Each structure stands twice: as C-alpha cells, then as structure tokens.
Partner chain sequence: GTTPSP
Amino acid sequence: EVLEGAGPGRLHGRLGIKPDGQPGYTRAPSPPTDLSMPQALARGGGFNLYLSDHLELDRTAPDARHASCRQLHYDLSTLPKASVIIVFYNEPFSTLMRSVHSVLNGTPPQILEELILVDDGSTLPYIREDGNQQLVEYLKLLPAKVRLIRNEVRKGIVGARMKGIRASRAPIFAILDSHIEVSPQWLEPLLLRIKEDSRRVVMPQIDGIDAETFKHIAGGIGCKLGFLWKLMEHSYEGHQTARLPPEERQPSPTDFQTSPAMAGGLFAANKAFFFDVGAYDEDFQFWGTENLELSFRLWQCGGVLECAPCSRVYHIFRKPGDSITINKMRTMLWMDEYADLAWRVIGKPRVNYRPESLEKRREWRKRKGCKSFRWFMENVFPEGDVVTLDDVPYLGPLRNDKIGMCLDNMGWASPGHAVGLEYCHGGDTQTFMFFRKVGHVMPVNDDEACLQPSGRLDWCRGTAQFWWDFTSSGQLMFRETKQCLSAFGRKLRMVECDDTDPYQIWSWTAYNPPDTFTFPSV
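Output the coordinates of this single chain in the form deposited without the partner chain.
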C-alpha cells in the first residue's frame, strides 16, 4: 500500500495494523518490579528492553524545537524528496519499529521518498530470512515506501551506510540510527538547506532518551563540534566559543551554523555531492572514527558541514578487534603534519592500517585538490587550543634533576587521580604535553586531563584554575597563585618560586615535529 488514513501525528496513516483492525504488534506488560537495572540494560544492548517493549510504537515525544522554529513555514511542493536510511544490527523489534513509526508519523509523505532498512547481517531470530519472519511480515503492515535490504555478513557502519546510500533514489539521503524518535518538522529544515546549495552537509541536533527510564531529555550540546587529539568529536568548550567572532558567539536558534566536526553519523546530504566528495572510506573497518574522516575530507575538498538547531532527533544515550585503531590511523592521512601529534596521543600505535589502500586514498586527495589540514585549522577550527604545532611547544618527560625522577600519570591518564614521582623510564606514562594557548599540562594520552596545583589531574577547563607557565629557568608556575611546584620529598607541593631551589626546576623536552608525517611501517 501507499497510505492508509493519514492525519497530524500520523502523516503516513495508521501504521502497523492488520487486516482485522488489531495492531500487528503485541506490547509487553509493564516491566517486572524486581528488575535489576544493570542486567536489563545488558539484555537490551545498552537500554532497558523490558521498558521499550512496554512502550507503544506510536510513542508521542515532546517538541524539543525552540519556540522560534515553529514560526518557520515550508512549501512542501517546492522541496525535493529524500531517502531516509536506517542501518541496524540486532536492534530489538520495539526500538527499530518505533524508529520507523516515528519517521513515518513525523514526515510528510510528499517529501519522503522511501525509508531504507539496512540489515547488516543480523543474527536475531526475528530479523533473519531463515528465522520466524516477524520483521518481514510486520513490514507488510507499513507503507510500501519502506524497504528492507540485507548484508550476508556484518560490514560495519561505513559498509552498511553505503549499502543504503547506493540503493537510495532521492537526490538527498538522511542517515539515522535504529533507536531514535523525531521532533516535529525534522526533515523540512534539512531539505530546504541542501536545496540552496548541494555542497552542504546538514546535521540535525541530537536530544536523548534515557537508557534506564526512556525519559526524553535535551541534548544540551551546542552546534559546533571540535575534536580532541585522541581523534574524537568534541563540543566547543566555553573558552573555545569565546574565540569566535562576536557575531557568532551566540546566534539565533533559527539560523544554521558551521561545525568543524560531525557528532556521529546523523546527517543529510545531496547524494551526487556525497560521492563527488569521497563518500565514505570503505576500507574503514566495522565502527569508529569514520565521522572525523568525513568531516576533515568534506571541509578540505570543497564542502561544508552545518548544523540545524530546528531539526531535533531523540537518540538513546546507551549505558571490536583492532579495528578502532586502524580507523584512527587512516583518518590521520587527512591531518598532514598534525598526524605526528595525534599518533602520540593514541600511543604511537603500530597496526596494519591497510597502507596499500591508504595510498590510493592519498592520490585521490591529490587528484581532487583538497586543501591542507593547516588550512582546516586556520579556517574551519581556528578556535582550537592547538592551531599550529608550535602551540604544543613541549612534549616529553617532566624531569626534576635533583631527585632524578620525573612525573608519572600512575597508569591513570584519565582525570581524577593524583600524579606521582617515579624513576624515569621513558614510557608514555611519564610523557606530558603543553598547550600554550590555555596554559595546560596534560599527559600525552589524554588531552582532557589537566594538571592542578593540588597534584592531581582533572577535566581541562580553559580558565585560571588550569593555567600554568613554564618559566625560562624551568619552574612550573601556577599563574593564579604565582607559586611553583616542587618535587621535594617525592611529593608534589606548591612553594614560593625561587630559581635557586633545585627541587622546583624541571626539564621538559621540546616538541619540534617534522614538517611531514611518515606513517609507521607494518
């Protein structure tokens, strides 16, 4: 069928009904009262499955859109249809079908070309062809524009996303996850934007669904996402926003904003431009970091990445082999000399990043004319703490020569733990960086953990409570209190600064990286 009794809140008709008037899906009782939340979170793969199975598929959500988003009007006839692609692997029936229902009930059929369901080699009895046919038989109860396609073997996100993209028909495709619910008028703002310029990749903002209670919650994250040298998307910090031009430190919720990085895999894009700009790096293995490789390459090769604060999508906040490291390595091909820093932050890994295929990627980058990563930093993300590698002047052991020991993260680069003094051994547990633009002293393996006068590590904040100065005589001076740290007594205490005190004079290797990153041999 095409449509079956439409209406507001159910734009594609009454979904999932049998030819007898009864829902083709039997909701489950209320979850048991004696429910061990940690064990039920497992059963569901990161969320309360008992509760999900008790909630309706036609679950109505709150309108997360700012008020000024509803005063916008869209002429649905002058908009181009789009193909929504939902990849999934072993996603439970209740959350997958609730995603489909949410889309169909919250998308005008006039602008929705199709809803592509990509089975990435699932093994659950209700998905498989050789199973009980629950999914397949339930789809017959949905509009015909809902299509299912399969992968013999699980290929990962990059592999599954491409399968649906290549299969789509609309000029524009929208990627969503398998555990989502939409706010009203979520697709209209994206289509209007990609219509005026096909080089635009537009991200809907992300709200959340609690893993344990399914309560709808505001994402809170802004629009602009930077990145951490651990190669992870990272929302602009307050001091990073302060570096924006005044006209953009607090823009209206209705206007689109550029973002250096993508929050996940949730976006829309004109199909033709998507392939012209490189699509995905199909040699990325399973899941991880494809979103950064897409953002860097997109900006560098004549594209634009934008958010849409008037396009909200709820997304369950849930509570791999050597693949995740391989992915990061390949991403560094787009980072040029900065790869030297990122390589050390992830621990100078030595894997098989599939070099022969990565070279073919580098010739493509050259043949396309993509800009450099230096341009990327100076033009797309100049608000970062490291815009040029000269902003990392020190990277090495922090040694106090008098006691013959150097600092040690104590196996804990993560924030919250006290730092020790240990005999130097040249390992990554004893190396530290310096970000001069913010006065931060961090272990190389975690640029989110910053040293404090307390002697401990803590989450970095671009403020006075984390600003250090490395003096000409080797003192580590906390700028706020004008005190210098000492190794006296194999203990880290703050004292009065005196270049004569040998316990407060330190050595810090200078970070003078090469102008070109040479990938490690395999």
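Shifts are known only where both forms have a C-alpha. Residue numbers count along the first chain shown, from 1. Superpose the two forms; the largest set of C-alphas matching within 1.5 Å is the rigid core. First, how it differs from the form solved in complex with the partner chain.
- The comparison between these two forms, aligned on the rigid core, picks out a single residue among 403, 167, 221, 217 whose CA moves by 2 Å or more, and that residue is 221.
- Core-superposed comparison between these two forms places the only run of three or more consecutive residues whose CA atoms all shift by 2 angstroms or more at 219 to 222.
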Contents of the next structure:
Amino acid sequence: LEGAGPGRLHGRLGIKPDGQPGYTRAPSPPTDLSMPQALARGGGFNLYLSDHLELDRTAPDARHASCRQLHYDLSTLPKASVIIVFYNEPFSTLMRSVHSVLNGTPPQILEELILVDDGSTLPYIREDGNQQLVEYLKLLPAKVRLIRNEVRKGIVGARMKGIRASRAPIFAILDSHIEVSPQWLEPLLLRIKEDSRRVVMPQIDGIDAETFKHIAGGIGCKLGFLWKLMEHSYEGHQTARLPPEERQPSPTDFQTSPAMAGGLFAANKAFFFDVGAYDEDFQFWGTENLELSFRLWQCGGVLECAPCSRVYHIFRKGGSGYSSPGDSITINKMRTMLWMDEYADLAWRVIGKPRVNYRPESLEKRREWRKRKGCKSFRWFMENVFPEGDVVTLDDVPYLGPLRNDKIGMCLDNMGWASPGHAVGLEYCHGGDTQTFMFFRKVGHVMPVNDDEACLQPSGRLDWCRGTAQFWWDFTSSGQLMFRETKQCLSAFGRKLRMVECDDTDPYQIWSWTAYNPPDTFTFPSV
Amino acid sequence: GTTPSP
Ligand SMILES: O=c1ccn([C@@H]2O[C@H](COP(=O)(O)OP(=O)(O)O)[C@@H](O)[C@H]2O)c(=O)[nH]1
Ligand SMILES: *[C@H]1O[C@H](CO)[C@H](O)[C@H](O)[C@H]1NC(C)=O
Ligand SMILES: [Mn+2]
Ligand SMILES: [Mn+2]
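Could you give the coordinates for the form solved in complex with the partner chain, as opposed to the form deposited without the partner chain above?
And the full complex, kicking off with our chain again.
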C-alpha cells in the first residue's frame, strides 16, 4: 500500500479507492451506559467505546528507555508469520489488532499475517453473512490472509491451523484484541535467530476493558503456576528466592520463565513441531499454555521473556467473549497432569479429584512420545526450572486432609466457598473436600485443598495467600495450630474458632491432621 | 480467562 512511513509501516490501511475509510467509527458511547450491561454485551469489554475508537489508534510506548537504545539489522533477521486466531471477535477489536501489527511491524520482517476464523457465527465474519470482514480485507495489504475453520475447534485447533499454513521460518501468535508497542517483533526474532530452541514471549500490558486506557504492567516476565493448574506471576517471597544476581535484572536482559501466560509467544516453526507443538486433543479454551511450558522445558527447550517486546492486551472483566463446554477445561487439566509425574496427585486433589473423559487413548500416545524424546521429569522441572516454588517436592506438603478437634468431634469446614474472604466453620466430619485442608511448609500456609490462593488467618477466615508472617502457621508436635507472629494457638472452644494462649493441656486447641504421604507414581483415574 | 498480575 501507499503512504508508508513512521507509524504506518505498511502504508495507510483500510482506505477505499475514493480516499474514504472503509470503516465508519461509531458515535461516542451513550451517556447513560450501565457498564455491567455493556461488559456483558461486548463479551468482557465495552464494545460501544471500541466501536468509537479509531483503528489507527496511537498507543504509549510502554518499553523502558534502555530498550529504545537498541538497533536491529532487519536484513539479517529472519522473516516471521503473525497468526491471529479468533472466535466471534468484534470487528473493531480484531481490525485494531491488524492495524496495530501492520503499522508497527517493519515489512522487511513480516512474511504474512494469518487470520484464522475458528468457526465464527457472527454475521460480519461468516461467509454466508454480510461479508464485512472479507470486503475490508481487500483494503489491506496482500500479506494479510484469512483462513477459516469449518467448525469451532478451539484455541489449539485454530493456532495449529495457522502454524501449519505459515510459510516463514518463525511464527508469532497474538490474541485478536491487542495493541503493540514499538519494535515488538524485532527483539523476539533476534533471540530465536541465535537459538531455534528458544521460545520467546513478549511482556503483556493492559487495555482496560471498561475505559480502554493503556495500563503499563500486565503480566511480567517471571511466572510460575498454581496447583489449580493456572499461570501465576512470581510473588515477592518467590522472587526473593531467586539467585541474588537475578532479583533485579537489567531492563533489557532476557529472563527465563517456568511458564507462559498463553497465546503471546514466538517460536521457530521447525522446533515447535519437533518439541510436540500442541496436544491437539485439547478442547476449546484451557490450560494449553502449561502443557506447552512443562513439555517445552522437559524436552530440550527454553522459555524466556523479552522485556523489550511489549504488547497491550484486553483482559476480560465482568464477562466472557464466548462460551466453552464445562468439561473442556477439566479435560485439558487432566491431560496436562501427564507431564507432572508424581506431582499430579496434588493437582488432581486441588481441582476436585475429577473423573472425566480425558481421551486416555490419545494421552497414552503422548506418554510414548515423551519417553522416545527423552524428556526430563517434573521433579527436575521443579528443582531446576521453578525451584522458587512453594512446593518443590511433595515433602513440602506434609499434611493434607481434615483438621479435626476430637474434643468437640468436629472438622474445619470452608462452608461452601474455598474462595478468599469468608469465615471458616466447625461442622461434624463427613469426609468431603469442603473439610480437607493442606499445609505448605515453606510458607506456613493453611489452605483449603480446592484453592491454594486461600489462606487461613487468625481471624478465623480465609484470605488471599501472601508469603508474609500474616499467614504463617506452625503445626506443633502436640497438634496445635500456632500463629507465629502472635504466638497464640487456634481453639475450637464453643464451636467458635478463637485464638488462645498455647497450652498442650487444653484439648480444645489440639488438632489432628492427616499426613500427606502420596505415592511415587500417579495412576490416572479410570474413564 | 487469563487475569493480570496483582
Ligand atoms: O474457541 C476459541 C476460543 C478462543 N479463541 C481465540 O483465542 C484467543 C485467546 O482467547 P481469550 O482471549 O479468550 O483468552 P484469555 O486472554 O481471555 O485468557 C482469542 O483471540 C480468541 O478469540 C479461538 O480462536 N477459539
Ligand atoms: C490472575 O489472577 C488469578 C486470581 O485467581 C490468579 O491469581 C492467576 O494466577 C493470576 N494470573 C497471573 C498471570 O498471575
Ligand atoms: Mn485474550
Ligand atoms: Mn499469589
């Protein structure tokens, strides 16, 4: 296209032959707008405002100053394919992503821009509808190509389709609702150029779902995972466990990460297929980011984060852009547990000892692949990749089970909500997950099994876990739950949890807690 | 869905 230059690196996009934009911006959002209603209409973000905002939307440069002092020889860098998959993404957000990539990516290093319709049902996206998308693409460069999935396959199914169509040596995956900062692709290509085993991910920034403001700081560089099988950014007490030379790293140095946030990463195409690509039995939205990350490290790969590659992302708030089956997320977590070896016992209990159809036949074929590849163990992963975790070995979970007081013959009970912010009760013991708690010794945390983010407090309530003395309990040899700071013990006198002076002679402050002596091998549940 | 860091 014509009109290229700074800020419009592929030329002026989306312009009819008459010099007029092919897209009419909506009027300003109505003054009387109930944000909860609008967040639930646009699928987790204010669509009224998005439809009013320009597609060539200027974004603040979120990169640190030292990142802008770096130079790249675009002739020596390999070209890449950008892959944006989407299911029923609105026109404004999807095309703003396209314009942002085209305007912000030098053409010398962008082989193509693949758009994958994961079986969308919206009229503007359908080939039996109003044909808005196809028509507007004619006003974009030919690098942009639209491929379509006959039926909604899911994230893994759509990404694999785009990767298998990409023709560049390197590919980069991006969500359909993003805005890039300057020189976002160049630092990633340089990393993969020097080692095809490196999978490099940008640092994710924020676009407020309600106001669409750009927020510096989304998902940092170093992130681990929760035993609910979920990516989780390093916390303070965890970054403190890092080697002293890695706690305040340089703004430009690349940092390894045990896990990725998902769907914003770049990789060498050939290595991606040799290291397992994706497990295509994953369904819809899910935890493919953790299955990839574990397998990546264990099978001879390196996951790192490029602090100088920043991309803005709309984190959905108060709504969801699509509806996925309820059993899909459970299945993806079961398949992910193949790579966790004995540690899968803890994850299985945290997600509720589920018993679904995790496609056992397919997973066996990947256990073989894992063996023929020589992949390393999850113990190795924890002791070498994520050694800063609160549970490096299952011996860090000494107790898992009911917390019973034999004097009153009752067990602690999360009362129907392992979520933080509610009081814990005392109820007759019944042997359900609502009355099973776990202990993490590295941090002194007493949590319900179904949420490792919920920590018991001397207030008798659960609150968000923090690696501080505000949540450090000691389980004495006498059976007392002692709070370290206050040096008081937890009592069940009067069927009301209270803190009292420690006294092993007081039966109301003596608790029993089942020891967690897991097996050495996790046997998957029968289907 | 994915959530930002605190
Ligand atoms: O069945 C699906 C679900 C999602 N997506 C796309 O995959 C990306 C990641 O999904 P989402 O943004 O909902 O994940 P989140 O960032 O909310 O965790 C988005 O571009 C979605 O449109 C897709 O192509 N098919
Ligand atoms: C986002 O917030 C949720 C809250 O339950 C989890 O803590 C999740 O681990 C967070 N994700 C990241 C990237 O830290
Ligand atoms: Mn997203
Ligand atoms: Mn945390």
